[PDB]
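Okay, so here's just one chain, in C-alpha cells, the form solved without the named molecule.
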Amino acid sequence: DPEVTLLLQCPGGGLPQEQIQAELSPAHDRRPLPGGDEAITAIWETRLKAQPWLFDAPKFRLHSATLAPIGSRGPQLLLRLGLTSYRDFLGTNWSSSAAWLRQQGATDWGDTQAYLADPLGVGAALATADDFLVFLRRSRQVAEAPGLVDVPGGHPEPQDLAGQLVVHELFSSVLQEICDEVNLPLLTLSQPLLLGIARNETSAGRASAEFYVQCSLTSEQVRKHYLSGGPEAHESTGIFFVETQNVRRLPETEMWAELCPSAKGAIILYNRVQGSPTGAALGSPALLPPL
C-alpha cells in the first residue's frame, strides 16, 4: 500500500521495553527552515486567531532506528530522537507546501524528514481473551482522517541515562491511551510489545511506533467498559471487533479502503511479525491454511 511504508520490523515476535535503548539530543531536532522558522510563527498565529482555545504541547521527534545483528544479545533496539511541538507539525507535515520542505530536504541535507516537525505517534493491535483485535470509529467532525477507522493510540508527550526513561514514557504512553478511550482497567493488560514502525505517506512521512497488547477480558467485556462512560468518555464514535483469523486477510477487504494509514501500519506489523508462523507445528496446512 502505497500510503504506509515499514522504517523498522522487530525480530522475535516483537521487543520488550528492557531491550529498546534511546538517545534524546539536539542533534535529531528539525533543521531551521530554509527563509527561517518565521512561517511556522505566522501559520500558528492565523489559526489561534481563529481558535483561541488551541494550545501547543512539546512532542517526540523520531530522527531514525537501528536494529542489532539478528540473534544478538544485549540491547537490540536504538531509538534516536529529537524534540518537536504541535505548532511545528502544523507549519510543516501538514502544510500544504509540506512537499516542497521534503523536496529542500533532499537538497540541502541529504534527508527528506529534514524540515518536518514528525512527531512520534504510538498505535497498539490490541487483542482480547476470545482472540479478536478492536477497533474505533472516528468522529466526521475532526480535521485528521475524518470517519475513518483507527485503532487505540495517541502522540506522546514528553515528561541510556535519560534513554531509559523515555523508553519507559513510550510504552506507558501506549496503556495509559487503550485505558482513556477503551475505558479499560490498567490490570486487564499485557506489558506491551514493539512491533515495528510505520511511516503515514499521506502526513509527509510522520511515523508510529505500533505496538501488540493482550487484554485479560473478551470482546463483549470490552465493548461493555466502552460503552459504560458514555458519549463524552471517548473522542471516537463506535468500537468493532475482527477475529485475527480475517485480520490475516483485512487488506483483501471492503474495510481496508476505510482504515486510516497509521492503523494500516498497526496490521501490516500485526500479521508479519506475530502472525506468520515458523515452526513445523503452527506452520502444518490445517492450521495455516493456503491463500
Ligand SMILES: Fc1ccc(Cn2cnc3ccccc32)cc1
Contents of the next structure:
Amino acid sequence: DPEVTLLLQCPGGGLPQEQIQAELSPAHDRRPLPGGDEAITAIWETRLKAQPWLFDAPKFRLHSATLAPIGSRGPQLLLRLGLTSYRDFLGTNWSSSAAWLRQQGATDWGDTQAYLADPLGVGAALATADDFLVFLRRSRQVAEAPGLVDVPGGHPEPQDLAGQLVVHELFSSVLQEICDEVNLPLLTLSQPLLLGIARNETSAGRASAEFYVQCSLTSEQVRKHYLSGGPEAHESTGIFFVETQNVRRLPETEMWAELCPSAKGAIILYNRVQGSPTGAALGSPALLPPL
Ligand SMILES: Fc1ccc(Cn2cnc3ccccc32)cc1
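Alt. form deposited with the named molecule bound, vs. the form solved without the named molecule above:
Then the entire complex follows, led off by the chain already shown.
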C-alpha cells in the first residue's frame, strides 16, 4: 500500500486524552517557500476569481510525534504542532509541484515536509454495539478521492498549558465530526482512544490522527439515525457496515481498492492496535483462525 505510511502505532490498545501532551510552537510551522509565499497567494487569488464563495480557515500543523519508552509511567506521547491554513494547503500539498517542494525540503532542511502546510486530519474506526465498523461513500463531485469509501472524520480548527487545551480540541473534534456526519447523539459515543498517525502519500505526506470510538447503538439504529437526517444532513451519499470479524482481511477484498488513503490508515491501525491479540485466550486457534 504505497499511498499510506504509518508514522506512529500507539501502545496499550490506544492512548486516552490524559496520556497525551502537545507542544504548540511557531518553531513547528511551515518554512517560507524558497522564492517567497507569493506563489501561495497567486494560487489562492486564481481560485477565488473562479469560486468567490470559498473562505480560508486556520488548521493545526503536525511537525512530529515522539512516543515514550513502552511500559513507562507519566505522559506516553508528545505531539509537536504548529499552525497552518486551508489556503496554505491548496498552495503546497495540493499544488501540481508538491513533489518539487518535497525534494527542495530534503535539500535545504533535511525534511521532505519543511515547505508543506501538512494540516492534521482526524478519523475514526467507529464500532457499533453489534460489532460492525461504520463506512461512508464519498460524493463523485468533490475534489479529493471522489466516489471512494471513507470513515468519519475531518480537519479540526484552532479555538502543556496551551498544550492540554489543544489535545482536548483534537479528541472533542472526532466526536463532533461523528455527530455532524452520522447524526448520532453525543451520549451514545465512548471517549476516543488514539490508535496512531498515518500519512497520505497521494496528498504529499499530510497526516491524520486515527481514533477508536465505540457506539452504544446497533448497526440498524446507526443507519436509522444517519438516514433520518435526509440528503442535506450529510456530505456522504451512503452508509454501510462490515463485521469486525471481516475487517481483519479487508486488505485482501475488492473493497480495498475503493478505500481512500486516510480510511486505509484507520483500518490498518484498528487491525494492529485493537485486533491482533497478545494473550493465550484470544490467541487460541478457534478464536483467532489461522490464515
Ligand atoms: F486542511 C484541509 C485539508 C483538506 C481538506 C479537504 N478539502 C476541501 N477542499 C479541498 C480541495 C482540494 C483538496 C482537498 C480539499 C480541507 C482542509
